[PDB]
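**Q** One-letter residues, chain by chain:
Number of protein chains: 4
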Amino acid sequence: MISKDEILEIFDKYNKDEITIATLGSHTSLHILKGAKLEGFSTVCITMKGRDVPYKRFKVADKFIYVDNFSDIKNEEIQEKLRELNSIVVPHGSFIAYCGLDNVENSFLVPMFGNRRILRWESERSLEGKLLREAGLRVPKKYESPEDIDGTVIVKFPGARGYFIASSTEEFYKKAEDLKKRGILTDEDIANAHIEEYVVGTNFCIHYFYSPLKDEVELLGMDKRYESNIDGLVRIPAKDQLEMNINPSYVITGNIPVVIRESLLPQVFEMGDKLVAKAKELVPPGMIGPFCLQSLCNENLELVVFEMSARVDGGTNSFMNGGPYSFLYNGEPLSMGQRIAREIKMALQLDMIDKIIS
Amino acid sequence: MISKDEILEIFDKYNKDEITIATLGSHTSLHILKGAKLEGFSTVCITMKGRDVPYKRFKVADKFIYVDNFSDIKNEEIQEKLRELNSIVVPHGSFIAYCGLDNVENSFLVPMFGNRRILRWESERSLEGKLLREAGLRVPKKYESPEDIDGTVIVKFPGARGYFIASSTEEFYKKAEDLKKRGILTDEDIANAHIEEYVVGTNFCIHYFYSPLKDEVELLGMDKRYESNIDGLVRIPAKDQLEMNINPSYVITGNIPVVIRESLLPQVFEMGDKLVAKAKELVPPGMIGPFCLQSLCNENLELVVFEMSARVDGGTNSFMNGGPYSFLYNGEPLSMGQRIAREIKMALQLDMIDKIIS
Amino acid sequence: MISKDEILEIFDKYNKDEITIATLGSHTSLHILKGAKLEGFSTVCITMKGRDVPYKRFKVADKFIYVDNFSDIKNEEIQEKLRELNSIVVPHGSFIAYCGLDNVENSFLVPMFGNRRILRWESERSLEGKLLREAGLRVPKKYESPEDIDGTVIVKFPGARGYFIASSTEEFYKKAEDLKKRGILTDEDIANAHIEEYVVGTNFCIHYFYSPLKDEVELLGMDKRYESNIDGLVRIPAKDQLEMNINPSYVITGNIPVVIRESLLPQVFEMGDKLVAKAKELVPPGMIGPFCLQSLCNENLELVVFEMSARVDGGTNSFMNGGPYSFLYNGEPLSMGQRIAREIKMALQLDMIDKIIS
Amino acid sequence: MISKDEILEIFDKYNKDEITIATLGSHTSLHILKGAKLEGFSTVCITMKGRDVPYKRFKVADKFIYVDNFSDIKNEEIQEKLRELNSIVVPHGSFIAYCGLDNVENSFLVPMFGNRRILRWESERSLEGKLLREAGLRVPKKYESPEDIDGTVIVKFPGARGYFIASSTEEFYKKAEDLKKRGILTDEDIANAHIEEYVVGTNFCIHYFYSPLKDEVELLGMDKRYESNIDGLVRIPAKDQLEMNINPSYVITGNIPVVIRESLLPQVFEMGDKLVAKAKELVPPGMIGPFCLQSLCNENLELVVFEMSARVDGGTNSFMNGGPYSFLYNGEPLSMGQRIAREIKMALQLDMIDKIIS
Ligand SMILES: Nc1ncnc2c1ncn2[C@@H]1O[C@H](COP(=O)(O)OP(=O)(O)CP(=O)(O)O)[C@@H](O)[C@H]1O
Ligand SMILES: Nc1ncnc2c1ncn2[C@@H]1O[C@H](COP(=O)(O)OP(=O)(O)CP(=O)(O)O)[C@@H](O)[C@H]1O
Ligand SMILES: Nc1ncnc2c1ncn2[C@@H]1O[C@H](COP(=O)(O)OP(=O)(O)CP(=O)(O)O)[C@@H](O)[C@H]1O
Ligand SMILES: Nc1ncnc2c1ncn2[C@@H]1O[C@H](COP(=O)(O)OP(=O)(O)CP(=O)(O)O)[C@@H](O)[C@H]1O
Ligand SMILES: NC(=O)c1ncn([C@@H]2O[C@H](COP(=O)(O)O)[C@@H](O)[C@H]2O)c1N
Ligand SMILES: NC(=O)c1ncn([C@@H]2O[C@H](COP(=O)(O)O)[C@@H](O)[C@H]2O)c1N
Ligand SMILES: NC(=O)c1ncn([C@@H]2O[C@H](COP(=O)(O)O)[C@@H](O)[C@H]2O)c1N
Ligand SMILES: NC(=O)c1ncn([C@@H]2O[C@H](COP(=O)(O)O)[C@@H](O)[C@H]2O)c1N
Ligand SMILES: [Cl-]
Ligand SMILES: [Cl-]
Ligand SMILES: [Cl-]
Ligand SMILES: [Cl-]
Ligand SMILES: [Cl-]
Ligand SMILES: [Cl-]
Ligand SMILES: [Cl-]
Ligand SMILES: [Cl-]
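Chains as they are written, first to last, in the deposited numbering: chain A, 1 to 160, 164 to 361; chain B, 1 to 160, 164 to 361; chain C, 1 to 160, 164 to 361; chain D, 1 to 160, 164 to 361.
Next up, chain A with everything else stripped away, as it sits in the complex:
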């Protein structure tokens, strides 16, 4: 389990005049890297043949560390190149996945922006729910078993895409079976089934930034998810949908910008404030930098959080050129990637790097 001192004392051997920002070339790296450049940093992008073109043509990376496959980023060899470049790593979804979250927590000896420990509170549904519940945030009702279904529910399986909607116990088994005989779910997944209230409302994935330097939760932007096949499915007229044998899937393919009704911003900020206050208690020092509440706004104007991330969320890509909210601070086209880099910049200049790395 990587210690702080184990990290601070690695950063102490860094050339503090040549500190770079590094990340894996995927997920949200385009504005992580662009944002870094805009803040005056030189940037390092871990990449591989076949997947490096976007980073070359957008010209956001000063140095490339090529790997055979992204799984190699855990390798001690890459950790060394990174340390020799004085890189502070900015973590994201793809990086945690390809590196392996366990390798991240105790085998990845490179300074990393954010709270290293809290990355597993986002990966485990039990910890997430604990956090969200204890922070006092609205979540969907959970159902222990298919027999408890008394309304419309969504059912999630960590399997192969692993989703269906049900309005009764009977329907639950009809659909589970369908997906089983169709070769998408095994009985192991069917037992793992997570059943929750289906919330009917508008999607707001809210992107926050907690600055430990300023001790302030900031609102940076919002997106709604664009998912396949579901957003294609519901674009088929009902009469034709009824003639089809098609199951909804919810694969993230993209994002669409959205802004919320302004009278709801006090709720939005309170939600971020609460998450932050509680996460300080449960996982010190708490949330560091970017975090996302993925919510649904019901007809009673209550935001229900069905998901959260403890680092930068893919939806930040929707405002790489700045957004309506990020503009208000200083009238600039500020991305989340640039807001991260600036926190790193300040921290270095104020000699408070210990507030933002681990």
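Keep in mind the hints are simulated off the structure, nothing from the lab.
All clues stand as given, with none of them false.
Which copy is meant is left open, so a pair is good if it fits within one copy or across any two.
With a straight-line cut-off of 25 Å between C-alpha atoms, the simulated SDA-like cross-links for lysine to any residue are:
no., residue 1, residue 2
1, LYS13, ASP68
2, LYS217, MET349
3, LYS56, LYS277
4, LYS156, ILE239
5, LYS37, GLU265
6, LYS348, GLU39
7, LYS37, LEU353
8, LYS16, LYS217
9, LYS156, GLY317
10, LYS177, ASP243
11, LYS358, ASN103
12, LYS177, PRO146
Model the placement of chains B, C and D with the ligands on the given structure of chain A, informed by the hints.
**A** This is chains B, C and D with the ligands only, laid out in the frame that chain A set:
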């Protein structure tokens, strides 16, 4: 009924070197206030405990006038603080509502950007329709009674959310009853029922600005509404929707940016030109500053206006950092809030304040 | 058939110090013209009474060539005004249509940005499919006859809006007949019927720019289409849709910005690279400047191209003030219109005009 | 004598995705490095303890190559670090001096922006005069010996500061002797004495840029020299100067911005055009990038060139934030350093690196 002279002569006692822009902290105030700052104004934000965080963290307000509840903004005490700060008030939805439109028309003795009189032509469906019809704009067919229904209609009740769709007289009563026994509509609302043609098409809420200084209608931007539960409802596959007992509601929760097919801009501009030419005749001096046509584009490329506002519409929040249309004028990230402030700026500099306040 | 030399030698008689950019006032002209101005060009806009207001109020045109009807832009009289203004014409959908594609290929003697020959590879479904197939891009399955239908298909008629969805041979004829007796399709259209796999997924219209100066395919932005009545139709709850007798139409009314999942950008770039490499072989010099792949992302994260353009696509209007992708290059609000003008600028400065005009 | 192929083939082994700009930390490096960063390059600054603070605090250097003394920059060890960083070196006064011009011409195996050969045409008074005379530029009259003095002359010695003014042969020896007995000049310097017409007029050091990509001479800015003790000496009232025993020295200490009378710009441009046309003939490929004519404007509005440089002149420091002339191109705060970096940028993108390096 607040006179012009009653207002001009209050503005004459203003320190013309220290003129501020004020508004209530809600609805569209973020870019009203940010836009003001960007134009060099000091800004005043009426706010209250529990609802002030967004305005503090986005740093758009130089001075805060705190109230116990937003209903107090009609109070003579707040009118005085505002007058002592040399504030020109920028009105919007939440402000007119919390102040009370009657208090606005004859009890609110603070200079106000726009045409004070015309604020009630947006609040009364009879005046709106009169205006839109007389301006020569396409509107949905109206139906006098449930018995006149010969197609799909939408039905609106000023009640508690108060909407349903019907394709027959019989269906109208089936649904009215459902909502009655469900405790959403009383027979008073059911009689008040407004029935109109359901227009099937794409939503464009078009944001215009009429400059009385330039005598020109400008196009600033467009959004589509993001409403709950309807936009959540239609995201459920048809087969599952049929298994649910759920009524559509249309609560505004947010906005999504959109641009229109360019060949349709002459229609768009003609619509704004017509609204303006007629409103000059019907309510002198007519439209002043921001106004919105909320339209649906049918398959015949005709924009049908189902609603309008005579001040700044919430949808302007979608381009607080500028939009595709607002950019064209000077290549700037121009919000509606900033366009309002600039009109105020010019007016002061050209000594033509009488063209924009009342 | 307009020769290159026939064009180069017309451009040689041009005052190379006074080169302007011209286009017809429609489709995408707002940012074509604005982009030109931003790059230092004087701009020419072909327009007509009743349709000139947007170009006057947005102030993007320095000179107006008025016509009686846009059909007159083929007239030798307009070709001369254009040549006397040293105009390089930027072609787009509306221009090719109003001028007539045949008049464009051999009767329009004005220098034109792009590959003149390739404009008809976008107009003919046989050439398009050839190109896309030979480039190795995923396309929807084609069906030779209604009898071959073994899934859900979409059916396209070049007629009056000319679309329907079918899941069986029987349904195909039920619907064809409906549209026939309804006066939308004649038996000539019904024979012309193009049947293809209905792809269920998320719409990404991807806007690329191939720079022959840099020999590089660039990603500029993405939109999703906003079509009527379909996007209005599917916003009606299923229960109400079933009570209606309504056919879906797919008239382009507007666009909504979207960004793609970042891990998919290597696929996105590969697709543009492949299209470009093949079009060089099939229609020398190949793609010049703006081109669009109109795709659907299925649940397997495969982009299926159902359409393409070989010039600037209307969807570029969604980022006239720049977009998340166009920002990354130099942190600027770069439109496609401005990217076109810059290529023209460079070409002139480097004396490589022969790489971009025809 | 470093060959082109010897350099091109070293640059061919460069990672063309990671090309940096390098220079020695002095002379004009601040805007060479800042300009590079602004164009998207990562920057390398050769520096040493005691002289690195300005480059650290202005944050213009991403990587530092420390040396013991600047004389070490000729060392094969530094040439290697530079080659491993894919650095293109931007040469300037201090760099040529500390490296040694002979080491530069045939011992410095790093790609270098500009025409390597022509660096010695600026170092030798005979070549300079040849060039300037053959280009057809006005220069001060030369005098072969003190006996030829028939007016006011300035006398230059390459010695220890080594200057005096004389109006007669007698005065020449009076002053030479004074400086000899004072320990500033030895008889070797006194024989080396260069005597030329003293031009009475206004100093314009004109900074040009020849773009081989565009084949165009550009005007970037102008400064006047600020020299000690002379500019301090002449600030003493005449009556007091006569009471002092003080000799004028002309040590460059700084620069002051100046703009020229606009009617003189055709002369200014013609001078740069002529220098460039001739230097192409005399030293192929001629002038590459920045060059300076150091001139005096006599009362007849004729610019007399008393000096020139074939690379970037220290006076460019006066417009590191852009100047009145550099602004006109694109309304940007363009330094010479940034104009150099942009030429490098373009060259790489257009695959024309062979036009700018040697
Ligand atoms: N309680 C709920 N009610 C209604 N819809 C829900 C829901 N929970 C999830 N969804 C829909 O299903 C999608 C997938 O939800 P999930 O909880 O799997 O998010 P996620 O972000 O963890 C999946 P991934 O990480 O693969 O993007 C959501 O984006 C949302 O559109
Ligand atoms: N004639 C019509 N046809 C189809 N849809 C309609 C319609 N009139 C309204 N709608 C839908 O119902 C929603 C509510 O319409 P309404 O006329 O109540 O607008 P509004 O702006 O006055 C309500 P609020 O002020 O609460 O936002 C609209 O945003 C639109 O989506
Ligand atoms: N294979 C397919 N599967 C699913 N939907 C499809 C499809 N092909 C087309 N569509 C839908 O139908 C619309 C019209 O498609 P079409 O192929 O006519 O594009 P287009 O751009 O040539 C028509 P226009 O030129 O008039 O805009 C598309 O925008 C898409 O929404
Ligand atoms: N012919 C002339 N008439 C009048 N003044 C002259 C002159 N030649 C030079 N000077 C003055 O003497 C100064 C030094 O001139 P010099 O010819 O040594 O330039 P330089 O740039 O080669 C010296 P350094 O390289 O040390 O700056 C000039 O900057 C100018 O002010
Ligand atoms: N664009 C997005 O919203 C997004 N993109 C990726 N992700 C999440 O990040 C994870 C890794 O992304 P990728 O599979 O593209 O490498 C995915 O499993 C997904 O949960 C997102 N939420
Ligand atoms: N974001 C919006 O479009 C929006 N936000 C608010 N409004 C209108 O302004 C009125 C007051 O807003 P609020 O209820 O958020 O204080 C609301 O009733 C609604 O009609 C909107 N149209
Ligand atoms: N906004 C758009 O996407 C768009 N606007 C126009 N078009 C295409 O250009 C053609 C010409 O446009 P217009 O009919 O607006 O003159 C249309 O038939 C359509 O295919 C588009 N794709
Ligand atoms: N600021 C200037 O004009 C300037 N600074 C330096 N130089 C020239 O560059 C040569 C090297 O500069 P330095 O001595 O500062 O290292 C000096 O001998 C001088 O001729 C200048 N012309
Ligand atoms: Cl985030
Ligand atoms: Cl994510
Ligand atoms: Cl508005
Ligand atoms: Cl509103
Ligand atoms: Cl395009
Ligand atoms: Cl198009
Ligand atoms: Cl120079
Ligand atoms: Cl110099």
